[PDB]
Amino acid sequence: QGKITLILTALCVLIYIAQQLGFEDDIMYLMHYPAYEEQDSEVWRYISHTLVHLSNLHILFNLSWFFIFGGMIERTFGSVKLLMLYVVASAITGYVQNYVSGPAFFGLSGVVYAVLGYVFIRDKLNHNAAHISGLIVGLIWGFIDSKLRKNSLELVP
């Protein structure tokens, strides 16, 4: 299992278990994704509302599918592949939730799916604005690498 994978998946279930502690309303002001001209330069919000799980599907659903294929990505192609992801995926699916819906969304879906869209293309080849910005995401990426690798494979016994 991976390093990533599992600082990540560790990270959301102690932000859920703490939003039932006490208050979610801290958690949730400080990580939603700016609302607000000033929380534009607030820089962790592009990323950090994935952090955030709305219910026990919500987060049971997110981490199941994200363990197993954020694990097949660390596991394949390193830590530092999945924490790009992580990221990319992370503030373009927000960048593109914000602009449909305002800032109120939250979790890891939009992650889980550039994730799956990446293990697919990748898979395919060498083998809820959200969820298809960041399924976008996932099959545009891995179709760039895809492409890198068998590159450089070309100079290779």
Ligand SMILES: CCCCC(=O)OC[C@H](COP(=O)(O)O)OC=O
Given for the second form:
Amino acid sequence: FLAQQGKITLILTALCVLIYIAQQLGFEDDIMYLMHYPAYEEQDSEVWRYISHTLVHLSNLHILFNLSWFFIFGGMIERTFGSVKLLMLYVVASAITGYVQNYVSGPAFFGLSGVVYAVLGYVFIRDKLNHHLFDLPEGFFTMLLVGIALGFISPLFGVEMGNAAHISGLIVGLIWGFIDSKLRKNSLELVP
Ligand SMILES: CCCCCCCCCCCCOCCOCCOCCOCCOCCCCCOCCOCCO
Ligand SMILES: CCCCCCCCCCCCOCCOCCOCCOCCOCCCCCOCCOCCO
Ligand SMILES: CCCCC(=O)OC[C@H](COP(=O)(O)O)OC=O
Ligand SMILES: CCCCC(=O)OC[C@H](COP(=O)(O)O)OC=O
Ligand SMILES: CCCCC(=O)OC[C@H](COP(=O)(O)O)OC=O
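Return the structure block for the form solved in complex with the ligand; the form solved without the ligand was the one displayed.
Next comes the full complex, and the chain you just saw is listed first.
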């Protein structure tokens, strides 16, 4: 429930769950066809496709791990920097990671993991820099960041997409957070 967590975080998590459930009682076929990244010159105009691929999941663990991490850290971002910030990081990470994954492997990918890494990347450098607005992950979510770089370079799991989405995701988050950290400092310069 909310009563505390972010509205955007909640909406995105619940949408993923609803679309997955739908995948299970009829057919992922319709959903996969409408939601996949453009794989056709005629689909270039179907603009939702640049983002929608993130709402489809391929297994129970796939969606379980993605939503857990997104709910926790996407929530931190929302509660700390605002709902607009989270929505934006989502739209942009979704579009950029899909763009990158598509170039290296084609339009056959689904899931929120590219957004998760952008989110983890954002929180990571923000925490590292203006260290305050956060008080450490937990001790495990900090580790599963070093031993997770092998989760795509030398496959220990496999987030049905590829590491191109994960790496470009982290990069989007790291760059965005560095910029925000900077813009923050720049304006505080003239405050007591
Ligand atoms: C201790 C630290 C605390 C951190 C905890 C934070 C908790 C935050 C809550 C986040 C909410 C998570 O929501 C994700 C739930 O997603 C619902 C979708 O379905 C969930 C399924 O649950 C797991 C099922 O696993 C089944 C494994 C068997 C098959 C493996 O995958 C193949 C799936 O095939 C389909 C079978 O029906
Ligand atoms: C035999 C073994 C087989 C070989 C297997 C090899 C395994 C390696 C596979 C890994 C794939 C590598 O792919 C890496 C791709 O990454 C390339 C990076 O390019 C993508 C990154 O794109 C970044 C684009 O620009 C960043 C966007 C950030 C924008 C931030 O917004 C500005 C903020 O403005 C302020 C608003 O508040
Ligand atoms: C956010 C871009 C993806 C929109 C879309 O076409 O897919 C989701 C739709 C409905 O979701 P909306 O978020 O568009 O209402 O399918 C589920 O019923
Ligand atoms: C960054 C998200 C949207 C960018 C885009 O228009 O994608 C076009 C790419 C290729 O674009 P070029 O820049 O290589 O022409 O192909 C998509 O199917
Ligand atoms: C990292 C600071 C310099 C990079 C840059 O030229 O950024 C231009 C704008 C943002 O400028 P800032 O003033 O916020 O750095 O967009 C970046 O992607």
